[PDB]
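The data below hold one chain only, encoded as structure tokens and taken in the form deposited without its partner chain.
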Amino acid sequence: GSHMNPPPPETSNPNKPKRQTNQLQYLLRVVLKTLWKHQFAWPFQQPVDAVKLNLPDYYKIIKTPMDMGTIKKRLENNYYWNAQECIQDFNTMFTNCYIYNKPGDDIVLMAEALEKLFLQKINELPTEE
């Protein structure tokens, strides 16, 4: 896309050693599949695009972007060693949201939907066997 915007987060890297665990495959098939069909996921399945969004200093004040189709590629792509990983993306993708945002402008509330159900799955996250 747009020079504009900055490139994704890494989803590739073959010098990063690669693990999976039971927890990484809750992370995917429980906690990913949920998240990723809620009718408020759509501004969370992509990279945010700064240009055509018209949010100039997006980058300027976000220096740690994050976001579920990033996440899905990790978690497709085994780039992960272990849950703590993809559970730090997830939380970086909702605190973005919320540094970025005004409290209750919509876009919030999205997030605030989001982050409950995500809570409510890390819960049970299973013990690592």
The other form holds:
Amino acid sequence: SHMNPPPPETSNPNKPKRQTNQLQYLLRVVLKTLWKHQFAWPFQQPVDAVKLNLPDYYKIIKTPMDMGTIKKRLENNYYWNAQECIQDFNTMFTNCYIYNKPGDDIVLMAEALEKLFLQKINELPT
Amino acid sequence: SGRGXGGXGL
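Return the form solved in complex with its partner chain of this protein as a structure block, the form deposited without its partner chain having already been given.
Let us now look at the entire complex, which starts with that chain.
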């Protein structure tokens, strides 16, 4: 047998919370634009290794991250700094390139989403 | 490094 790990933590009740213009942009513009993209659906929740029959996924990926987690974290004010959120997006993309062979469909989807992510981050407000 | 996930409609 093999099991899914628990999904990443999405609330830190002991961490101070704030809403900033940049965090609002990350949620309402960056995450929203990627979420609605045609290639987003594999990235909208944690990789379900059981239902996808990938017993090696969490043997290889020890820092999983996904856009559903990022959305919940933003909604919970989990991030104090915009850079913490950006790091989670970066982790999500790099995990995909670690696990999957170059040229696989999922990798081309990640590369397209990453390009859009960088385009959105180019216009991060003050 | 992994088994991979096959086709995704591309």
